[PDB]
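Asker: Spelled out from the first residue to the last, the chains are:
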Amino acid sequence: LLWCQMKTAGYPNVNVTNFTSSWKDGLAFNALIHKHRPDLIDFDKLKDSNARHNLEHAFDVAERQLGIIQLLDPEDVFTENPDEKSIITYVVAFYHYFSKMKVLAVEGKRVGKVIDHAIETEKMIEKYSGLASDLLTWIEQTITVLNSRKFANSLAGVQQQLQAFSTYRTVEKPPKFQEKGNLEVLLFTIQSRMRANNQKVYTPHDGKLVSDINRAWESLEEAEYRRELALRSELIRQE
Amino acid sequence: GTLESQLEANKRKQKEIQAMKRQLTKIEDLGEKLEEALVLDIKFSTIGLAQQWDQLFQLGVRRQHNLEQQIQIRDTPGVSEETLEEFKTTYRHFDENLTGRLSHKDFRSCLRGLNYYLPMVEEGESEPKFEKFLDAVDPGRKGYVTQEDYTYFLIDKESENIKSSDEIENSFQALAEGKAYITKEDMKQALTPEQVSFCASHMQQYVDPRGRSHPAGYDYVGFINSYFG
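Residue numbers (PDB author numbering), protein chains in the order written: chain S, 180 to 418; chain 8, 2188 to 2416.
Misleading hints may appear alongside valid ones.
Claimed, not checked - Which residues of chain S face chain 8? A partial, calculated answer using Cβ under 10 Å:
1) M185
2) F257
3) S371
What the hints assert, rightly or not - Going by beta-carbon spacing under 8 Å, a handful of chain S positions derived as facing chain 8:
4) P261
5) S278
6) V290
7) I298
8) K302
9) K306
10) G309
11) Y347
12) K355
13) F356
14) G360
15) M373
16) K379
17) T382
To be verified - To spell it out: a stretch of chain 8 is covered by chain S in this simulated footprint if at least three of its residues, at any positions, have a beta carbon under 8 Å from a beta carbon of chain S; those stretches are:
18) 2205-2212
19) 2245-2251
20) 2292-2306
Simulated from the structure, these hints should not be mistaken for lab results. Note that the Cβ used here is the ideal one computed from N, Cα and C, for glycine as well.
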């Protein structure tokens, strides 16, 4: 009663002091369902002299629009004999209903923010997994090509693979080292994402690690490098 | 400890890069003559470290921008001016004496005016929701709540940014209405079915204290302690 009196005294034109005679005009139910949801009822064009209407308006938007069902009449309140248990059931009903749906909306936005942030992280988690798999397969099928250390015997030929290897140096190495930097950027993005989200460790699976990429990448550097040694050894002999 | 100091560290990195892009010139221009000095070999490629320097520049800029993005995550309440004005009006209405401190009964009446599901005045019974709220507001049992004491609870209860996972812990309990298990239907009045499908895929089945398993019983405690713990 203190809740409804305090909330309806601030609301215009309705004064509620009891549970029997302050409710006969029907404006108080409509005011309390209008504060939490103004969008359904035009409270301003209602008058107390149409009191039997005023309940059956608000009573008609009570069950179907909101989901609270109980069987009375406008005449039952309109009679001088009051029903205390009916109005007690109604007041506890919309109190629990409005508190429930208020905390429902608040908790809904709370959970939605975090889970949207999370799923936005894991789509590009699968993107990172796919790019890492593609890049490491490319790495290990290119080192196999670069193992080949047998070719013909000619000054023009040795100079021609020198030119081809220099073009493979100066055109192809910058982008095929650039995907490693892009992968590192994505991994730090995931790190910053998780401690923004504050969950446990992602723990990228075995066979897909930065240490494995580094191991393969100095491995291809070494294979390149005692490719280069043998190249100019035979070059200077032929020269 | 605080995220403002990291700015300075990033700024210190921003103090390095221009000087060292200075330094990059005195490498690369030098390379310009040694490659015109009739090739030869240096065990080394300068252009590659040019891309690693550019990569360090880009990661530093992105890390800085993501760090102001984070400090905007943690320092934006998102509460509208209308909600704050309503909270101030409720604080003024509950404190009719204008003493700047509302009593425990006044705080309970204001919480009832804030549409909190708190049953009151049971016949010789004690409930723990009001006690927990009083402990969160005034843990010292001072008997009065100031303007800021209730405002901290309102800000932590209102919207948007989250300090700790404990509120998620005991807020899926409130979403489950105090039940140790939750259902998909309860989750589907608040959350998009996209995220509901995610939650049903990644969170397991609940076991009660009796040990019996519901087919529809879902435990948020184990899921939260598994991902966020």
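Asker: Let me make sure I understand: some of the numbered hints might not hold for this structure. Which ones are they, in numerical order?
Answerer: The structure conflicts with hints 2, 4, 8, 9, 10, 11, 12, 15, 17, 18, although it agrees with all the remaining ones.
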